[PDB]
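Please model the entire structure based on the sequences and the hints provided.
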Amino acid sequence: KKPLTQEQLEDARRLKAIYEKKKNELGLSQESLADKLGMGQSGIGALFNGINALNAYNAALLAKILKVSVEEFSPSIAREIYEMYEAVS
Amino acid sequence: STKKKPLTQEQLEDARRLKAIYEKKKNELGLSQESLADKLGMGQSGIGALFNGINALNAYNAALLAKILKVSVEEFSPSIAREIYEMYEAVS
DNA sequence: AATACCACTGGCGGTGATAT
DNA sequence: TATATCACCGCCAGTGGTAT
Numbered sequence: 001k002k003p004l005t006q007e008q009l010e011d012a013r014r015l016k017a018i019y020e021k022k023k024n025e026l027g028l029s030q031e032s033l034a035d036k037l038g039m040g041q042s043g044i045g046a047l048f049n050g051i052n053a054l055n056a057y058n059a060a061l062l063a064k065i066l067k068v069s070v071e072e073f074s075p076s077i078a079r080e081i082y083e084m085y086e087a088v089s
Numbered sequence: 001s002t003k004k005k006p007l008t009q010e011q012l013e014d015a016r017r018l019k020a021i022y023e024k025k026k027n028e029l030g031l032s033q034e035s036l037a038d039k040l041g042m043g044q045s046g047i048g049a050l051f052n053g054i055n056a057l058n059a060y061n062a063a064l065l066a067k068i069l070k071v072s073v074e075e076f077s078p079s080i081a082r083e084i085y086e087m088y089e090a091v092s
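Sequence order for the protein chains is E and F.
Using the working numbering, read the first sequence as starting at 1 and increasing by one per residue.
Using the working numbering, read the second sequence as starting at 1 and increasing by one per residue.
Certain hints may be false.
[Said to hold, decoys possible] A few chain E residues that face chain F, going by a derived Cβ cut-off under 7 Å, partial list only:
(1) 51
(2) 53
(3) 58
(4) 67
(5) 71
(6) 75
(7) 81
(8) 84
(9) 85
(10) 88
[As the list claims (entries may be wrong)] Pulled from the structure, derived: some chain E residues nowhere near chain F, Cβ distances all over 12 Å:
(11) 9
(12) 19
(13) 24
(14) 29
(15) 35
(16) 42
(17) 45
(18) 46
(19) 52
(20) 55
(21) 59
(22) 79
No lab work stands behind these hints: they were computed from the structure.
Where is the CB? At the ideal position from N, CA and C, for every residue including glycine.
Here it is as structure tokens:
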């Protein structure tokens, strides 16, 4: 698969690190998160591990489950989500 | 590969509301489907497919087109506007 | 367990030409 | 023209099976 960009790989590392810090307090695993995003565990592993790119919807759903802001792992997707909101206001 | 899914009733109605706005506003704003395609970085058949309900709007596209046509997304697509506000709830 | 690896495919979001 | 509607398909996110 084409490598993702270094910024995209950094967002995936910040995202997975939050999951490792919060997984026991929030009672999570890759398969339960898979279920909440209606996806499979290997679909989640690919996002956590910088194999498949994060998009604005997946990131927004993961930020909600993990109780963090999107900007905590992806400043650029958070930038994007804010631009689109300028169009609904 | 070949596959394309048919749009839903809702996606067709959004498309139909977006083309209407464009027709109501194109020369007051000085727009054609190829100026718009250029604005959006694609060709006139790309825009053609969106206005004519062949390809479905996504949130990024719907937000660029809203800004350019100076409407809010909800004027042609409440469900994408609701989807965009649900994403915003995660950055605020 | 819980997660990672790997080959694979559906459909997203287009393209250019041509017909109207 | 300006638009609509062909035929066409690259690409990669997500899969599901299996291994660690």
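Hints, one by one, checked against the model:
Violation of the interface hint for residue 51(E) is found here, the shortest Cβ-Cβ separation to chain F being roughly 22 Å, above the 7 Å cut-off. Taking 7 Å as the C-beta cut-off, the interface hint given for residue 53(E) is violated, the closest approach to chain F being about 14 Å. A cut of 7 Å between beta carbons decides the hint on residue 58(E): the least distance to chain F is about 10 Å, and the hint is violated. Hint status for residue 67(E) relative to chain F: violated, with the closest Cβ pair at about 10 Å, above 7 Å.
Nearest Cβ of chain F to the Cβ of residue 71(E): about 6 Å, under the 7 Å cut. The hint holds. Interface hint status for residue 75(E): violated, as the beta-carbon distance to the closest one in chain F is roughly 10 Å, over 7 Å. The beta carbon of residue 81(E) comes within 5 Å of a beta carbon in chain F, closer than 7 Å, and the hint placing it at the interface holds. Satisfaction of the interface hint for residue 84(E) is found here, the shortest Cβ-Cβ separation to chain F being roughly 4 Å, below the 7 Å cut-off.
Given hint, residue 85(E) at the interface with chain F, holds; its Cβ is 4 Å from that chain's nearest Cβ, closer than 7 Å. Against a cut-off of 7 Å between C-beta atoms, the interface hint on residue 88(E) holds, since the closest Cβ of chain F lies about 5 Å away. Residue placement check: residue 9(E) keeps its beta carbon more than 12 Å from all beta carbons of chain F (closest about 21 Å). Distance check on residue 19(E): its Cβ is at least 15 Å (rounded) from any Cβ of chain F, clearing the 12 Å threshold; non-interface status holds.
Residue placement check: residue 24(E) keeps its beta carbon more than 12 Å from all beta carbons of chain F (closest about 22 Å). With a cut of 12 Å on Cβ distances, residue 29(E) stays outside the contact zone with chain F, its closest approach being about 21 Å. The claim that residue 35(E) is not at the interface with chain F holds, since no C-beta of that chain comes within 12 Å of its own (minimum 19 Å). Listed as a non-interface residue, residue 42(E) keeps its Cβ farther than 12 Å from every Cβ of chain F; the least gap is roughly 22 Å.
With a cut of 12 Å on Cβ distances, residue 45(E) stays outside the contact zone with chain F, its closest approach being about 22 Å. The Cβ of residue 46(E) lies farther than 12 Å from every Cβ of chain F, with a closest approach of about 21 Å, so its non-interface assignment holds. Every beta carbon of chain F lies more than 12 Å from that of residue 52(E), the smallest distance being close to 17 Å; the non-interface claim holds. Some Cβ of chain F comes within 12 Å of the Cβ of residue 55(E); the nearest lies about 10 Å off, and the non-interface call is violated.
Not every beta carbon of chain F lies more than 12 Å from that of residue 59(E), the smallest distance being close to 8 Å; the non-interface claim is violated. At the 12 Å boundary, the C-beta of residue 79(E) falls inside the reach of chain F, the nearest C-beta of that chain being 9 Å off.
In the structure shown, a violation is registered for the earlier hints numbered 1, 2, 3, 4, 6, 20, 21 and 22, in ascending order.
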